[PDB]
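With one protein chain held back, the other chains of the complex are shown just where they sit.
Labels A and B are assigned to the chains in the order they are written; within every chain, residues are numbered from 1.
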C-alpha cells in the first residue's frame, strides 16, 4: 500500500526552514505520489535549499516535472535541479503554513 | 491492521481529451468514518468536465450528505456531482491547470 514515506527538514541560506514529506502509495493499477510541505516562516521570495538525493528523485518523477501546491495564503511550484529544491511563490507570504500536492498515474 | 476500508481509483476522460484521475477512500476512525475524494488533472478546464464514472465511484459520490463535493484546487474551486453514472465537475473560474485537491466529510 504505502511503499515510500520519507521526511526531511530543508533550510535556505537565510534560515527559513521547511519540512517536506514524500509519500508513495499503490492503489491497484494506480500509483499516487504526494508531496507534503510545512513552514512556520514567511517568504518574501523563492525558497531554495539543498534536498536529499532521494527527495530529489521523487520530485523529478512528476509528469509535469514540478509540483503545483496550494498553501493557505498563496500558491507555489516546487521543482528540483541538481539536488537544489526551489519553491517559487505567487505572492509574498507572511506565513507559509501547510499544503500538499499529489498526482495519480496508472 | 489498516483503518482504510475502501480505496479505489479510476481515470476519466471527456470528449475533448481532458483527463482526470479520481480516488475514493473510506477510513474507519472508531465512532466516525471519513470519506475522501481525491482529484488530479494536469489539464486546463475551460468549462465543466463530464465523463462516465464506474458504478462504484458513482455510489461513493452519491453518498455525500450535500449530494455533491465542494473541492479546492490551487487556482479555483469545483463541485463534483454524479447523475446516472456521469460525473460532472463544475469550476468557479476557468483554470489554466487544475492540479490536485481533495474533499472529505466525516460522519458518525
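Rule of thumb we're sticking to: contacts are C-beta pairs under 8 Å (C-beta built on N, C-alpha and C of every residue); 3 or more make two chains touch, one makes a residue touch a chain.
K.L.:
On chain A, what residues meet the omitted chain?
P.N.:
Contact residues on chain A toward the absent chain are 5-7, 9, 19, 21, 36, 38, 40, 70-73, 95, 97-99.
K.L.:
Please output the residues of chain B touching the missing chain, sorted low to high.
P.N.:
3, 29-32, 34, 65-66, 70-72, 77, 102-108
As a working rule, only the chains that are shown with their structure count from here on.
K.L.:
Please tell me the distance, in whole Å, between the geometric centres of chain A and chain B computed from their C-alpha atoms.
P.N.:
23
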